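The form deposited in one PDB entry is given below as one chain in structure tokens.
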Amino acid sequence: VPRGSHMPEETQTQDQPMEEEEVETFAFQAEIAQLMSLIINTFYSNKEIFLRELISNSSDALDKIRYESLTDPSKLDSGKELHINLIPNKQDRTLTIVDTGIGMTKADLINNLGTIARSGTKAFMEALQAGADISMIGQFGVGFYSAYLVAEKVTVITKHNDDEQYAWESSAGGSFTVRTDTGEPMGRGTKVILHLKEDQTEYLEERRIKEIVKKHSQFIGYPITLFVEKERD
């Protein structure tokens, strides 16, 4: 059956075997769940400090690269730049904070992002009740959850040298999931994807992002870059 030309659908290659991703669901530690509901459902002045908290966590993870090289010098051989990228996507209403820090293992995600108690949680909720500024959250050891000031859902994609790539996700409500992530390999580090609330889209705007970086995050110690999607004609 001679052919001289085939159509695209004919020479489309058969799919790669379907990947299985294992998913685990966990309850937040009880006081972390209470804090998340307080953060989500209360009006605060000064919500913009969420970005300072996430940049601080990236900066901590980057500092760990430098020090882990003292017990494991092979990290010196990585050609990856130590940096942070901020990536607003107006199409999808997401703000992503990307770093090339150490990343998290699966058990790091489960323990550090929601199942282990933090000793400051109860004191912080009392300080908030008593009218403290939400900015105080970092000093109480619970800064990550500031993401929920502006995001309705948070997805964390991460890769640590000692484990495979994982995705953590929570829309609050008391639980989170951790699953293996067989999609786009992101390389060592962490991506925090903020699915912004509808009234918090200012944090997609170039000027607003630059304003709050300059106000709150001037001593990162690593390059930070803002990716701005070109406005279409």
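For the two forms, the rigid core is made up of the largest set of C-alpha atoms that agree within 1.5 Å on superposition. Positions refer to the first chain, counted from 1. What changes on going to the form deposited in another entry:
Only one of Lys106, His83, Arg118, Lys75 has its C-alpha shifted by 2 Å or more between the two forms once the core is superposed, and that residue is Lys75.
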Given for the second form:
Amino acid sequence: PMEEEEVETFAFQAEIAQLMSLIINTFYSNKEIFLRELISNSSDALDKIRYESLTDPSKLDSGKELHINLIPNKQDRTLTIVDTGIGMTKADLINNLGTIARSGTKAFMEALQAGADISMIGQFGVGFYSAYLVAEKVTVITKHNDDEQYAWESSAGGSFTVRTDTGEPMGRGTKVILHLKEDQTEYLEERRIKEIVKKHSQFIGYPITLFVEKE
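Just the form deposited in one PDB entry so far, so send over the form deposited in another entry.
If you are looking for partners or other molecules, they are not here, because only the chain is given.
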């Protein structure tokens, strides 16, 4: 019997859409900082569930281990960053990943126009959008204790979608799936991933593991 799935399409807030266009259509060196930004997000989400669990230990029923996994896939050209952090409810996903204005967005675009390094993006409260330095499409799968599993996705161009995820269940957390641009396949290489984790993400307070498919 044919399955039926609901999709909701949302417009990015106008300056977030302008920032995404600037990130995609301008050459930047130092693109590797995308991974620092996504690991930082995971670390923040791990902190949240860790503290929430102090008030309410049953919040870890959906899984006690607090960690980050990095999964390059050379066959489908994706790099996935998975955490067991707090996750996002549907409302969190729509509000925090594109609809609500970020106070730093205009300042950051001015800084970039004046020649700032793209590394400065996290300081402006818009670090997630660094994924578009290396990815043509991003899919975020997330599960929060309060709610069902959802999938957010965008290829930029001004819009994103949200749907209930019918894929593999996660117990709790977020997976960011980067569909890499053709010229950015270095970020599937185990040596390159280890290099940029060591350079930029050395003080994060949860274990990170890199899973490499046997060649």
